[PDB]
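Q: Chain by chain, the residues:
Protein chains: 4
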Amino acid sequence: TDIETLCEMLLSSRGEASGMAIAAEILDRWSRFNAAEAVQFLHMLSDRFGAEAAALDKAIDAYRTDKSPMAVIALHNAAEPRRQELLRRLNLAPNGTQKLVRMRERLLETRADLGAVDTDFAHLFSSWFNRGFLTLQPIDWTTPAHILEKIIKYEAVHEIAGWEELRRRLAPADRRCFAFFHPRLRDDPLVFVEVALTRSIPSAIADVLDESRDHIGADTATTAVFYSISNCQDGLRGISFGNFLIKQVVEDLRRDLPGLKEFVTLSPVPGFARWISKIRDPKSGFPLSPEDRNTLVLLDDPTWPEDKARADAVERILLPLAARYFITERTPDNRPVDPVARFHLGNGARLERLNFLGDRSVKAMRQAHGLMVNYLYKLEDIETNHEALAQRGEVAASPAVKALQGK
Amino acid sequence: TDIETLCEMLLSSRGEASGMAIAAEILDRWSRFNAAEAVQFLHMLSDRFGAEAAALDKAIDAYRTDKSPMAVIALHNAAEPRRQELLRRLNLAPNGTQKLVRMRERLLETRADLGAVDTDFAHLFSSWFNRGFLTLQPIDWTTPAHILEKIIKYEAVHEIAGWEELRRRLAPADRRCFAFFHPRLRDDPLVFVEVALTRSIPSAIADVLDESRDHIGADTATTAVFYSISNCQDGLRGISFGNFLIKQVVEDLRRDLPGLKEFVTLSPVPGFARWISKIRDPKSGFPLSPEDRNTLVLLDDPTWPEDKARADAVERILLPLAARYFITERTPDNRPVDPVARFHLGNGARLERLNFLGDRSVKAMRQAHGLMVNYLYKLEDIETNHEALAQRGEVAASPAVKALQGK
Amino acid sequence: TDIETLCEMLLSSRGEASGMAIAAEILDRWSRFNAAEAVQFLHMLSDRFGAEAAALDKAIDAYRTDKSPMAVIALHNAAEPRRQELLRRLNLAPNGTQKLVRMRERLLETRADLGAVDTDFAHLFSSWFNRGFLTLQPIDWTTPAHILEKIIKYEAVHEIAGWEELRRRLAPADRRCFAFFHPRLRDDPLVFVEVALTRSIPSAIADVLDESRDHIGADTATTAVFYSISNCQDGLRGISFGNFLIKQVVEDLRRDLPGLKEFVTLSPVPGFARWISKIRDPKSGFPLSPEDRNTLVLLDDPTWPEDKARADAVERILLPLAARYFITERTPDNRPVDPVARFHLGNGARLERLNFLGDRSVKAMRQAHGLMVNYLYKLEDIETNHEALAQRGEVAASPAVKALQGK
Amino acid sequence: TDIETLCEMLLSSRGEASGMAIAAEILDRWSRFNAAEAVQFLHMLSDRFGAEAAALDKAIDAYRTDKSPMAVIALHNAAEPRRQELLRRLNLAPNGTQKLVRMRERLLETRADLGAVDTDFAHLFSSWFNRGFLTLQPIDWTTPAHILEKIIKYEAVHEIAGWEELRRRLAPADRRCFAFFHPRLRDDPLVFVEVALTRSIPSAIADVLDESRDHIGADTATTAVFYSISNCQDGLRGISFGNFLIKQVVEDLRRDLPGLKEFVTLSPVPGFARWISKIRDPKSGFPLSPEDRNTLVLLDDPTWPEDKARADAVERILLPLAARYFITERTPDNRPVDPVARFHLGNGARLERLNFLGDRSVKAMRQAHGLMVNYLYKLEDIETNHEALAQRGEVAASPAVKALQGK
Ligand SMILES: [Cl-]
Ligand SMILES: [Cl-]
Ligand SMILES: [Cl-]
Ligand SMILES: [Cl-]
Ligand SMILES: [Cl-]
Ligand SMILES: [Cl-]
Ligand SMILES: [Cl-]
Ligand SMILES: [Cl-]
Ligand code: NI
Ligand code: NI
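Residue numbers (the authors' numbering), protein chains in the order written: chain A, 35 to 144, 148 to 444; chain B, 35 to 144, 148 to 444; chain C, 35 to 144, 148 to 444; chain D, 35 to 144, 148 to 444.
There could be a bad hint or two in this list.
Repeated chains share a single entry, so a pair holds when one copy, or any two copies, can fit it.
When the alpha-carbon atoms are kept at most 16 Å apart in a straight line, the in silico EDC-like pairs for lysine to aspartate or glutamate are as follows [to be verified]: (1) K444 <-> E352; (2) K190 <-> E201; (3) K101 <-> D81; (4) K444 <-> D349; (5) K187 <-> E201; (6) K101 <-> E86; (7) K298 <-> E248; (8) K415 <-> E343; (9) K284 <-> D418.
Quick caveat, the hints were computed from the structure, so don't treat them as lab data.
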């Protein structure tokens, strides 16, 4: 109620240098709310805290005959929603940034007017969280526990059991892990990656995870394996930077361990099984031999081990199907169907090889029938590959992958 | 030459996450330049890196009939100069922020098209250097020397001799000093203030500075005296925050030393002598008794000590003249004539008293014939005072000051 | 083999400033060993690296007629075992201190000649780990995990389950914990204590531990409860300092939370059941009514809950028996029978009250049939109490405890 | 007065864990004193706080027939002065170590009974300041100023003018400097060295110091030059470790700049002129041609420049005289006459070459008529050289030095 006239004052408080209290209070009265209040705030925010159309037209006015840089400025200014300043001003409150981030979070949960009140959140987050203001910190058994526990929490890909499991892939000098931290938040990371230093390229995530694995000297390691990336902040969805993390990490590895020559990933590739469902539909208009269709009716039974021959016959038609998925199949906007593909590829990586039944975990079995792939991050091939994809519609794939071309 | 097509690529390098090299190089090829190059860069920046008018009209187009929030967005977007992204993207270069700050500096040194290429620098600096991202650090004999030396350098008001002088007002627990630091720069402060903890309110800066002064127990101190504020970053001219520093400091003093009851300033007030020149001009249209005019002909002689009576007779007509200066005289835009007045007053302070011949230093003798004033920062009186001034045209002055009203 | 002539060189390497390598190597060749080697080292250490009796007699010689301070020096010197320098010199090896500490550990595991080679370890540890060189660090959910895990490991009294349990008594601002750290070791603490801030004095450890407990505002806390102290370093057995930790902690609590008025402990008191066994033996020569003896035959059945009346009748004769244990029963050297008693009492604490069935845990049930006591750390009463005990044979007990005097 | 019975209590306060207050007070009542009090403390310290001869004889008693390790212990114990514990116990006082160090300082300023009360100070300082507990910290323009200023203060060899001078040899990446710090003191270093990274070996300190010098890329540096070592703590006189500092530094340079191949020193060598005085005395019994004696009468005139021929003729007989000084001349205890020689040589360095008129400064002109030498720290030649000297009486000198053998 009053917590909606407060803001009005946050914008009027010119060179006061006191609004911090305003910002503060507004942020705490927000701390407490209900799904029917937190919603009536994100509305009257867009319903009243937008661009003052009066001054804007007055501007499009002057512009009709004044197309000189000074006008485009007055225009660009009037065009700015008032809820943008409000945010900047709200940022002054103690830890106000984090509070504003969790706020854009409660928004993203929930009309089309909101899509507008969000773009502003994004516009500010895209600068406040400019990668130039983020420091890459190494995460290991040493880093404080209250933040380490958040790692267990945010592990999206290969969910981390409990603390002994966490230690397992964080303690050995066999392993290593890095996260991005912003000075304001600082106790909670933005994104992180887990790496495995090894003497080869894994095919099964199981290899990399089993404690019964054999540890190798950190420096006797020839290749680095990014086996799991994770975004921790949800209210930063869109303000992407994992795209950096890799580029950075690979380089800091170069320095510290010049013995590393390869930089791969043991990625997941979900929404592949989803695809398969679309293909099995005769209405797919997708080519399938009555014999093929008759072999994929095997996926509908959650059993692969039984009759190794069973999986064997599945493998025979899955990989090429996948290769096909990857190398060609695009979405209606013409992009690689898989979400993590658009990632590694959008970062100039290369589809190195397919790993049939790499996971075997329940999630991946349902996400994409156990499949897993390795993406490669070659030194020179990166801006070139990023081009093949970007504007053309090409996917950087190795001959081993292309090979399965038609089968 | 090529260092002007590079940028063009910095904007095309979408989800590449490699432009850092672009940013870098562009920033170093900039490192080296000439006043005839550094100028041909700040031009072709505004001459080509502005808003693409084609898409902007296409937008004012759709807006003529679409006044729904989603349109104002597309408008506000098209209205944005391309040199804005360029900056954000340039920020990625190692220490890119500092490099971009020293850049806006080389701009400010130097047509009206530049006034437009600067507003953008400002728009980004006003968010990047949002006070929420600045930490108040205490500065004393402990803080590292490479940064301490910058303090000697940037002391604007009461210029600091050499290191022994610096130590003098930095070493005693009699003294204290705070600065604002931004995480990126971090080794060079943005603004700082020097404080003197005491048992009274000074009138002469000389009192506060002489080593022969008598030191008092830090906690036996009753009042805090801000005797000198200074902005270190020139390329941040306009992105004001000293206005905060005080508000903060006073509070951290409250905590650490609850014995402090007053919070004053031993300020300078320049451009007062400048004013006096304007008044002595008969064409001023300003009231002056032939007797007054005949007493101010004493200022033209750089000697005050000689014949204490001389200064005495000057004092008699200067203070009230000053009181007048302060309490009423406004500029053509209707604001307090003095620059540091617009500061302390714009921060809800109060003109407590005038100090005739407080300085005696060459700068202040020429800046405002040795005068100096004390501004007060009372607890409750601050948002009220800030209002008296803000929208009305009133100046918070104590009865002791008002007293000189008419004389 | 050669790893026993190396040392010989460590003592000959005067102003070489190179023996670090000697120290190093000797410490690594030690790293690897066997119970039949690590023992043949701790022998030839005392069997050859002791005081050179030749020079010592030559000294007791000169002393027979020279009793001037300069002689007592030459004497005190000759009297010094060579294995003392060896240790000092061994300390130079990288992390050599920690390595020498784990070494005194392998000694303590294992004739009477060793009791001599140990005193030297002690003489050096008592100075190297002089409390003046130890810093009290606060331990909580923030402190790094690799060290936090050691806390779970070394919890001697109320063994800590797993990480969720650890968090439980480390996370709330309801709780708090401090440890002593020496600069060399630094990643592993020496001793630590767990405290519970509350509004009363606990009787059952169960109260303090159950998560279902009710948390109170840290500052709304009236009393502090030391519920568990633990020494982490075994090779520092004897170089006692937990005796400090308390004295320190209580004081830092005073500062940070002036609301704390009491400082108690919910201590264990083991070897009490052990005592009881000694009393039930008719040969004890200890007074016991045929009726008493007939009620303590109830302890031999591991069931207390069953027939609350059972425990009730046990309680009736246990507390006074205990009060007796405490207030009078001394050992053959005339000291309080309980080991943790000699602790809190030797630190001028006061036996405040007895807690029948405070623990109920298997260890305490066997250690001292569930009993638990609260010791008090009153401000003035401490050096006085420490005297009552020290040289006299008195135990600081409250009237509530004394009360059970004879029953 | 009472401040001499306090200590008596510091020794009686067994497991009190409260004596810190005793230690404290005793240390402050000491803080204040007079040369006639501070002396009456260092006396009644040795006059009453020494070994209790009663128990000592009781020990030499048991030893007459008991020569088993357990006896030598009781002996070594009784032989220990009580003022030794007192110190250990005094160390508990806040910053008690530093306070005890400045104390041994006031002692060293001032009978032969004191020589005994000091050995104990030394015995404890030699362990407390065991090199294993000292960390080598790099000192440069970054390190805090309150400690940097102490560097200006303690520069013994080439006295450092003021802060601009200090900066001069501390700021360039041309230069570098390291100091040893003990955790307790920590704000004041123990010993430090100044190094110059270069492309050759200097002969004149003047080369290394002049700002007009030409700076070279830190890594384009081929050799490291230790041009000045300094001990800061006087109360640690005897607890030598500069002997380490070099050994350490050279190694950390190896790592950071593998381009460094040589490690020399541009040392001073005082008490050389002193020697010369001894030789010019006919009573020296030292060979001197009437022609020699007649050329050294030139030193008595403080002018070298005048008639370059003058210095030229001095040079001709000085270097060989020096070579002689160095290579042979020993003291009555048979050691190298120069004090800094006994240093670099005692650290296995090599006399590489002599620098006639290297200094020219007033101190060196009087210390040793401008002469200066370079000592070499070759990799393998160090423990060998340290042996040549140690037990034999040989000095590691290069053929260039030996060459001047007889002239
Ligand atoms: Cl904050
Ligand atoms: Cl980084
Ligand atoms: Cl950076
Ligand atoms: Cl702050
Ligand atoms: Cl170490
Ligand atoms: Cl402490
Ligand atoms: Cl301390
Ligand atoms: Cl070190
Ligand atoms: Ni913007
Ligand atoms: Ni000793």
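Q: Determine for every hint whether it applies to the structure shown.
A: Quick rundown of the hints versus the structure:
1. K444 <-> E352: For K444 and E352, only the intra-copy Cα distance (12 Å) is at most 16 Å; the inter-copy one is 84 Å.
2. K190 <-> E201: both (14 Å within a copy, 14 Å between copies)
3. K101 <-> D81: Between copies only: 13 Å across chains, 31 Å inside a chain, cut-off 16 Å.
4. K444 <-> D349: within (15 Å within a copy, 83 Å between copies)
5. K187 <-> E201: both (15 Å within a copy, 14 Å between copies)
6. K101 <-> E86: between (21 Å within a copy, 11 Å between copies)
7. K298 <-> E248: neither (25 Å within a copy, 46 Å between copies)
8. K415 <-> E343: neither (39 Å within a copy, 71 Å between copies)
9. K284 <-> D418: Within one copy, since 13 Å is at most 16 Å while 47 Å is not.
Checked against the numbered hints given earlier, the structure breaks hints 7, 8 and satisfies all the rest.
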